[PDB]
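Participant: Given only the sequences and the hints, what does the whole structure look like? Please build it.
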Amino acid sequence: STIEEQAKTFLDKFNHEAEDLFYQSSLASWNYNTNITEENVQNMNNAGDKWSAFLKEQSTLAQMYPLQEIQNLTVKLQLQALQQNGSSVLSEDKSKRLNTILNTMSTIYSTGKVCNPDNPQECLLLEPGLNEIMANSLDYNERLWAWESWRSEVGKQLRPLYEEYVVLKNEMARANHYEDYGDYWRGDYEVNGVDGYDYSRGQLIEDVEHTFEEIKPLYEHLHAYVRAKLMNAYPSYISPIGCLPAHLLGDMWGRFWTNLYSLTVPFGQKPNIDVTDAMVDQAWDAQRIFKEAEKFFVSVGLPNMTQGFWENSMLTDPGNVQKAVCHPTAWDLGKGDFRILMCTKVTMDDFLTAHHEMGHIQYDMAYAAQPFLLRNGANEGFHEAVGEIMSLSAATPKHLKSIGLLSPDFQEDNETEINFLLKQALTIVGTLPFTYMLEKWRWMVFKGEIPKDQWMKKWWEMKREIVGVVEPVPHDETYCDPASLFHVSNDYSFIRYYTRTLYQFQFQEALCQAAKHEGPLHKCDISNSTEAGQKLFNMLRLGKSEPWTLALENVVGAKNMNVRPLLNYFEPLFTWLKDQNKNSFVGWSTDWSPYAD
Amino acid sequence: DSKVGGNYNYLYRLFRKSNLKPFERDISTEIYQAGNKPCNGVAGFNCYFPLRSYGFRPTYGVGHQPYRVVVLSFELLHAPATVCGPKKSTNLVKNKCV
Ligand SMILES: *[C@@H]1O[C@H](CO)[C@@H](O[C@@H]2O[C@H](CO)[C@@H](O)[C@H](O)[C@H]2NC(C)=O)[C@H](O)[C@H]1NC(C)=O
Ligand SMILES: *[C@@H]1O[C@H](CO)[C@@H](O[C@@H]2O[C@H](CO)[C@@H](O)[C@H](O)[C@H]2NC(C)=O)[C@H](O)[C@H]1NC(C)=O
Ligand SMILES: *[C@@H]1O[C@H](CO)[C@@H](O[C@@H]2O[C@H](CO)[C@@H](O)[C@H](O)[C@H]2NC(C)=O)[C@H](O)[C@H]1NC(C)=O
Ligand SMILES: *[C@@H]1O[C@H](CO)[C@@H](O[C@@H]2O[C@H](CO)[C@@H](O)[C@H](O)[C@H]2NC(C)=O)[C@H](O)[C@H]1NC(C)=O
Ligand SMILES: *[C@@H]1O[C@H](CO)[C@@H](O[C@@H]2O[C@H](CO)[C@@H](O)[C@H](O)[C@H]2NC(C)=O)[C@H](O)[C@H]1NC(C)=O
Ligand SMILES: *[C@@H]1O[C@H](CO)[C@@H](O)[C@H](O)[C@H]1NC(C)=O
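Protein chains in written order, with the authors' numbering: chain H, 19 to 615; chain C, 442 to 539.
Everything labelled a hint here was simulated from the structure, so no lab data went into it.
From the three backbone atoms N, C-alpha and C, an ideal C-beta is built for every residue, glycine too.
There may be inaccurate statements among the hints.
[Claimed, not checked] Pairs of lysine-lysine residues, derived as DSS-like cross-links and limited to a Cα-Cα distance of at most 27 angstroms, are as follows: (1) H:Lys363 x H:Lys341; (2) C:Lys529 x H:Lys74; (3) C:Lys478 x H:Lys94.
[To be verified] Per label pair, the in silico range of CB-to-CB distance: (4) H:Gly66 x C:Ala484: 21 to 27 angstroms; (5) H:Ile54 x C:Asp467: 45 to 51 angstroms; (6) C:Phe486 x H:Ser317: 38 to 44 angstroms; (7) C:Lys458 x H:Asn210: 33 to 39 angstroms; (8) H:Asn322 x C:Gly482: 47 to 53 angstroms.
[To be verified] With the Cβ distance kept under 7 angstroms, some of the chain C side facing chain H (calculated, not the full set): (9) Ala475; (10) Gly476; (11) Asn477; (12) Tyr489; (13) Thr500; (14) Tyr501; (15) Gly502; (16) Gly504; (17) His505.
Facilitator: Structure follows, in structure tokens:
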């Protein structure tokens, strides 16, 4: 009864119950996901309902213990995570209104239908075909149509709903001593009073705007190259001092330039590394690939699979007609019962996805000792970060020719290396300007700086200034372009895909500087080492029990995200791009327009 | 001992005033009291039950599946002789110095 035991002494009970219930819920869910029937939806909805009701009751009960009389750090962190009101601080009818606006937004996004002006009877959804038209077509007219349509029919309906959504979320967040909603998102990177490891909610914006400054020397050259290359497929449509038209990037919103590899390959007659026929000519099943992944993981010094994962998991899609959503996922039903749900085919891409998923499996195996409320990554970003380095280290030619899938006399050269590096940088450094731009735009519109009659003009001037792309058609203020992105119209945070891109290469360099590697970083492997495994595992097992700025400094040695490893990873590509642009004009002028000529 | 859907028979106490004494036994079901206000035998805000149950199933990992434990303990108070180990033998030859 030391004013605190009363807290812990609760915490225990909570812990137990929580864990148990959660498990019930989760088994239920895995079920429905692996065997789609009509009754299983009911078997899982009530389990989720009971879990949610129990958690909200415990949250309403935890309030009775003040948060300044606690002295131990871990119990304070657990209470601070549980004591969160979340929603339901609003007026009751406004809560239902918020649920309705959210669900209506999600539905209008999901079931969008756009139809041709030449044939309005049968037409296209978003997922089947629209992405294919925007990715694989090659005529300017069809791309411009597919681009303007989706923003003229799904951008116009969403604005009068997003307007109310903003103010409702702001009034929600403003009851928990917060000043807007964006701060309620940045609050994930917050650390209070640990004598030096503190990280104020504000300094996240400072880091982001301070690390985006060092990327531009590389992104500018990449933009110049991609532009001078796109000036071949569509002759006399781009200006050599202008920006790019949004409907030429490779998808609906311009998030990944990966589909531009067909037009901008450096050496179009030297094929890259690809183990796809060598696999099937060796009769590899879904079992063999996972055995290879586990062998690689155990080679570095991590434990085996739990021997309950080989009988329960579903590695190959069920033969008969058994509807199960084929989207890879790593389940941690808790209680040490880990599973992997994915419809593996015999392709090297699935061979890399297996590694990327067993990464999450290992990361979940590590921290299974912490209290139940601390079973996550250090923040939202570390999870996929620690996941992706396995795929980045398993795709190098060394690890391939050491497993029996490449001819021993396969000799790699600098041409294939530049090819691979551009294929990588079309995805890694390509999405960063878009990500930072969209997140800054959302923070701005939430804090109230941008008046609600200047949304689209500000968004497009930002697309002109930062990322270097220009709209093809004018858009007045009956539109809303950002509401046409999945992570926006569904109330999903969108800054993790910018911190992950940095944490990735920081982890890569920090780790395989212990494997005593000597060459460029893009050939670096973490196999056969034991110091690397220990360095990684001394962070994998913390969970949330320590501030993330300590989880970093125990791996790389710094107390923040630094972009230097990224540039050090791309240095060869940068040396090449500095030569292939001796005659073009780097940068872009925000005056050019595709219609004002 | 593990049945699908939860086997809630085995309990294990996780609240008590002070730790036990060796070889002692406690089976009470008096409602715990952590706060400063007496309970009067009603669960709720600070006033929990003292018994929980292991929900053993079959799809658990090692370290959570039910293990069975038995312990033996000897003690020789004052008896002259008691249960000892088993004896063994050989045969019975005759007419030989043995
Ligand atoms: C997928 O779920 C369905 C819905 O229950 C299962 O179908 C029945 O499941 C019960 C459960 O024991 C069986 O007794 C019936 O014989 C099943 N009937 C049919 C027509 O399937 C189905 O078995 C589940 N699939 C798997 C692989 O377990
Ligand atoms: C509460 O704080 C105390 C210290 O303030 C923690 O005690 C340490 O616990 C770890 C293992 O949990 C031991 O290895 C240390 O030896 C303990 N320190 C001392 C000085 O004895 C305690 O762990 C904290 N509570 C929780 C749940 O972590
Ligand atoms: C969470 O919401 C509650 C309202 O439901 C806020 O108000 C506190 O509610 C608790 C119990 O419901 C009371 O004991 C407090 O006196 C209330 N006022 C406070 C704590 O200032 C509560 O403030 C909200 N949580 C936070 C962290 O602000
Ligand atoms: C890949 O490596 C080869 C050999 O190391 C390079 O070939 C030489 O490149 C320099 C660079 O200007 C030229 O001056 C030489 O004339 C090249 N050698 C021959 C025999 O012609 C090649 O350039 C490298 N690839 C790239 C893209 O630079
Ligand atoms: C690095 O790891 C590989 C993976 O096991 C080890 O590969 C073995 O290498 C020896 C000799 O090079 C071969 O005889 C074995 O057949 C290989 N094993 C397999 C499964 O292919 C390699 O030994 C490790 N490196 C060192 C220095 O031990
Ligand atoms: C992992 O499993 C293999 C089975 O092939 C076994 O030989 C090895 O000893 C195991 N290692 C550990 C650490 O459990």
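Participant: Take the hints in turn and mark each one as holding or not.
Facilitator: Structure-based check of all given hints:
{"no.": "1", "hint": "H:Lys363 x H:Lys341", "in the structure": "17 angstroms, holds"}
{"no.": "2", "hint": "C:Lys529 x H:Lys74", "in the structure": "69 angstroms, violated"}
{"no.": "3", "hint": "C:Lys478 x H:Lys94", "in the structure": "24 angstroms, holds"}
{"no.": "4", "hint": "H:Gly66 x C:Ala484: 21 to 27 angstroms", "in the structure": "25 angstroms, holds"}
{"no.": "5", "hint": "H:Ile54 x C:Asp467: 45 to 51 angstroms", "in the structure": "50 angstroms, holds"}
{"no.": "6", "hint": "C:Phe486 x H:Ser317: 38 to 44 angstroms", "in the structure": "53 angstroms, violated"}
{"no.": "7", "hint": "C:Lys458 x H:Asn210: 33 to 39 angstroms", "in the structure": "36 angstroms, holds"}
{"no.": "8", "hint": "H:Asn322 x C:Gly482: 47 to 53 angstroms", "in the structure": "49 angstroms, holds"}
{"no.": "9", "hint": "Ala475", "in the structure": "5 angstroms, holds"}
{"no.": "10", "hint": "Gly476", "in the structure": "6 angstroms, holds"}
{"no.": "11", "hint": "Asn477", "in the structure": "5 angstroms, holds"}
{"no.": "12", "hint": "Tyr489", "in the structure": "6 angstroms, holds"}
{"no.": "13", "hint": "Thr500", "in the structure": "6 angstroms, holds"}
{"no.": "14", "hint": "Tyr501", "in the structure": "5 angstroms, holds"}
{"no.": "15", "hint": "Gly502", "in the structure": "3 angstroms, holds"}
{"no.": "16", "hint": "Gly504", "in the structure": "6 angstroms, holds"}
{"no.": "17", "hint": "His505", "in the structure": "5 angstroms, holds"}
Going through the hint list in order, the structure does not satisfy hints 2, 6.
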